[PDB]
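Have a look below at one chain only, the form solved without this ligand, in structure tokens format.
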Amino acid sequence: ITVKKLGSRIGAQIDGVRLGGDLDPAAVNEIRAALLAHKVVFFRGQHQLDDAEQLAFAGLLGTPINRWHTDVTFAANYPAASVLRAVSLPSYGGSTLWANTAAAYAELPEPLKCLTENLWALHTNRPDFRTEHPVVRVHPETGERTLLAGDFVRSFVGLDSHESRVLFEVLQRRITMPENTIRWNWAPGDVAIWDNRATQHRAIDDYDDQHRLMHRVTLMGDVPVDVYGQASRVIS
């Protein structure tokens, strides 16, 4: 079970594993360890997988349930991870991006850390769901500080509309800087696992009207907490 490093700050490929429900404990711990470290992990050659096999494999890692986003951040208890499989890919394009929000934080100048540590964003959906998340959250498992932003961010608490947009785009520019991202060229039998609590992702609509079907199993999450132990606030 080798783990190939793809990029300096994000992405790893994992060889010598056949994803499925009947897997070894020691194997799973290598996967989680690689997931937490590299934020998104990839599995080639997984042509054995159907839905039920992918769902059973997800059950080991946790509890099963365009533009840059963390999935469902308008909700308070937003997903921990996702297992995504290709079933039907187009003849060209259809690649996907991931960004490491843990490394994003780490590389912030200390002034911007000061800012973000104490900053809170209003996440919403465009049935109206509203959550105030901290822009910085501590990762339950790794204890890493990770920026929490993305396209569900409506505004920052306290700041006016102009300041919100401007500061928002400042963070996203760092979060999605090419060095801090990985772009995956999907082939059949590929499976990506990403930590939704330390990443943003983005689909790319570069395959025209071609069909592109994927199968996604999303693991259960938990309410974020900032560096002062403050958890997220609900409204709607």
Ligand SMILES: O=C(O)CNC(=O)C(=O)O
Given for the second form:
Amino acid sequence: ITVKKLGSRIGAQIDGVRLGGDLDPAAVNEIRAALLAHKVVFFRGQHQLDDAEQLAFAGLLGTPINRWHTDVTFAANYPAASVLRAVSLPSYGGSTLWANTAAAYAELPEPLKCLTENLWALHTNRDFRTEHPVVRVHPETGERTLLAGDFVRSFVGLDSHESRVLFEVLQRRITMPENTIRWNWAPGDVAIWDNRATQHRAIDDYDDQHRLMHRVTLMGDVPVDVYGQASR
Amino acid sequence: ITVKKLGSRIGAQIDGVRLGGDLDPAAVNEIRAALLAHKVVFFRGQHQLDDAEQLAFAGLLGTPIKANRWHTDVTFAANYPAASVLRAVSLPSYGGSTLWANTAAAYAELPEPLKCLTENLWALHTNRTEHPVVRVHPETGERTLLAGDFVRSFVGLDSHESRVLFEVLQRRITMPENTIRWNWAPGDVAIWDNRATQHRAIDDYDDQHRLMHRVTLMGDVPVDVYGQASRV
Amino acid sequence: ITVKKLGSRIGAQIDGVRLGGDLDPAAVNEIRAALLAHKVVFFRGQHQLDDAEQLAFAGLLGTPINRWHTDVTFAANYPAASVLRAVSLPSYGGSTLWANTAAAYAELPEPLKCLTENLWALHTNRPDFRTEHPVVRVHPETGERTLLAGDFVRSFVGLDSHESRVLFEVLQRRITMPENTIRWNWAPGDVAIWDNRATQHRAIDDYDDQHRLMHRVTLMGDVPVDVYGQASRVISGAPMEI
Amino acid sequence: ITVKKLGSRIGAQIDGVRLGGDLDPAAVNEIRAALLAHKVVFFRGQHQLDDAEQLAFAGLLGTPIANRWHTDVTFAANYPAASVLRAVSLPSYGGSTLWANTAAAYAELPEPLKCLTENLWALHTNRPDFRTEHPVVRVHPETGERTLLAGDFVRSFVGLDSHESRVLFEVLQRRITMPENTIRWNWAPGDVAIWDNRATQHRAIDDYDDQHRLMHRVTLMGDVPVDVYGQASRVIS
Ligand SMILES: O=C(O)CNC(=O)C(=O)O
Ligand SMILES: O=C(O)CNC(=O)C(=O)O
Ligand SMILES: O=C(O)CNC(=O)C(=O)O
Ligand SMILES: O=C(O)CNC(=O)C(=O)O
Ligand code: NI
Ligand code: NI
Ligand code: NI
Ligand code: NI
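Other form of same protein, the form solved in complex with this ligand, not the form solved without this ligand:
Okay, now the whole complex, with that chain kicking things off.
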């Protein structure tokens, strides 16, 4: 099971793997290890995956159930990761972006660290309304990762202007091209992204063409800040 | 001799042509027509090209005259170049992709208030030349935005206003739906209409050396909607 | 009769005028003249002026009905002017700010004029008033073009949240710039009258939790029109009456 | 000596004292106690002040050495502590001056913004090429209060890029210069303002057209700022 690097801070393709229920435990752990490090991983030539087969593979990794976002952060226990498969693609366009929120935190100056560490945001669908920290400690890897995205409505104890301004400041660093991967989809492609340490965005640049994408989301946990305080 | 669409607002790939001086006038008309329409065009497997053959080809288009920040080339100069012919000589093992943006579509998709603004707005480009923010393209006749990283300020506006407005325009230009991100492979050639485009390198390949052979053409002096030339 | 200027772009004090309901017609014109030119005018030592007398005086100018704002712009026919009298003031602080929106427009770069002339804003209270106003309205009397924004603004039509707030703050910065504002320190028995169709105003909460009371009388206004001559659109709620 | 308050966060007027070099220690201690507390203090009815008499009174406070919000000469490391400004020739109208309380500004920062500012450093320049790196928060030598340090001289913040510098700068300046945290003095003849430059910003207002305006100032010697952790400012040039 080889793992080719795609970008400096994010992205890695994986070859010599046939996804499915019949997978070797050691093979699954290497995928899990590659996922945590590279934040998003890709598998090409997976034309054997139907809905039932993709569900089986997701069962090994975890537990099954446009604008820059982390999936369903308005919820308290937002999902850990997702497995997305291309089934029907447009003849042009329809790529997807991913950002590394772990490297986003790491490359902050110390003042912006002090800021984000003690800053809390209100995530909502704009009626679920969760209060998340802007920096969560990743339970598995132990990395500190920024938590924001389009669901963010405001920051706690902070006015509209300051919330809006700081939000875009943080988003500017997260989405900065050097910290992102843009995947050109093809038939039989499968993406897996760690939702605890990523942000993603669909690109609506295929006009009025159809584009079906069968996703399988895994079960998530409640974030905690550097001090160890849960969301509310 | 076909040309296929890559994105809704930008990007095309021209397959079925060997780039060189031998190409007939009809072939150049296909390339030019695609280039003006699609703003950036790409060729695949141009292994025959070197420096001499590429320079000979570039001469058919016009007269041959870090970059990790959204820019139009040499806009600090008055008669900045029309288009460029960039070729992959040697690439990194991973990353080293390039972004493109359609500044013609950007203008066309402006609300009328912002059209009012940009048509009448002027920017100071430097590393000192006053360009208009909207210029009329001398072939297609399309109004296209002219900004980028070389802009220090806007004429009539102060530091705050200049920046705040500058961000607003660049947010629309560099919007992902208005961009193509090329993954360079050996023997790839990209040609972009520097008049009607904006581009950006991505330093997502650590300390790996990336050599790119560019041939930039002769360009004309901008004029705004009123036909006013760029002062110096 | 005397009209002392306070600032370059806004503000004027008017002495030798006892405000009342039996004021001379020519004296009302002198006041109205200054109010149009100086946008806000001030009167001192008006101890006799009670509530009953204030309403009578207000009836001469027109028809009787904290963050930078123009009063009740969530409504379509928002007031033309107001008459604020000081009845109870704190021991310190509690001043009020005014901004000249006619001069604000006048001193826009041509690009920002181009923008604002064609720009429209949604004003709302959150009762459920929602009104689309032109950002630049033509003043009926003076014929001057004046910026119409303020706290009641919610979004600009056609633009997204980021652009709206960005451009909103750019305009508000020019409107509320110190060189374009007056700051009145209230003394007992003072009166302020402002042209609401060519001003924004702001209370300053810099007197802690203290008592501050001032009775107001608001004059009925008209529905704004842009430079093209297009009336403001009403989404929800009715116009103001009486 | 009576000392009336002007605003809740800033400003105070002091009556019952004629400014001069022959003031009793007790009197000057009250004037300073007022200055420290209220940031800026005003002395009306001082039509008798000569330049020499102004310099005399200034010598009791310390050692004798523009239409944008600034702290005087923050491009220098040991920038002035306070100044005593006097009106000599005023316009027919306008010409007021603004003052902000940068001590109260810091205090009212949410916990996140304290984190930011406490660890943030700025480059102050004169655009002579005095270039200094100050902390965005300094501990005041006398009061012990933490005050925001910025103004027009700030070229950028250390660690942050151009966009982030400007954005965050403007966020701070908005909080500092918020009307609730400001005092706007209407200059009358024979008025004297005294502001604590270590705990304030100020701004001239060009709202007197092109009229003649003359102001005579006596600035006092100040110390080098030190952040919460206790690190002095660095002279780059
Ligand atoms: O790739 C895409 O189209 C984006 N997918 C998602 O946002 C998602 O699965 O939540
Ligand atoms: O392709 C790249 O890396 C960017 N090229 C340029 O900015 C250029 O040729 O001017
Ligand atoms: O003067 C003040 O304190 C503010 N008054 C108003 O906003 C008003 O009357 O609408
Ligand atoms: O009083 C003014 O207009 C401004 N004064 C100063 O900026 C100063 O004394 O440093
Ligand atoms: Ni998603
Ligand atoms: Ni370039
Ligand atoms: Ni009001
Ligand atoms: Ni000064």
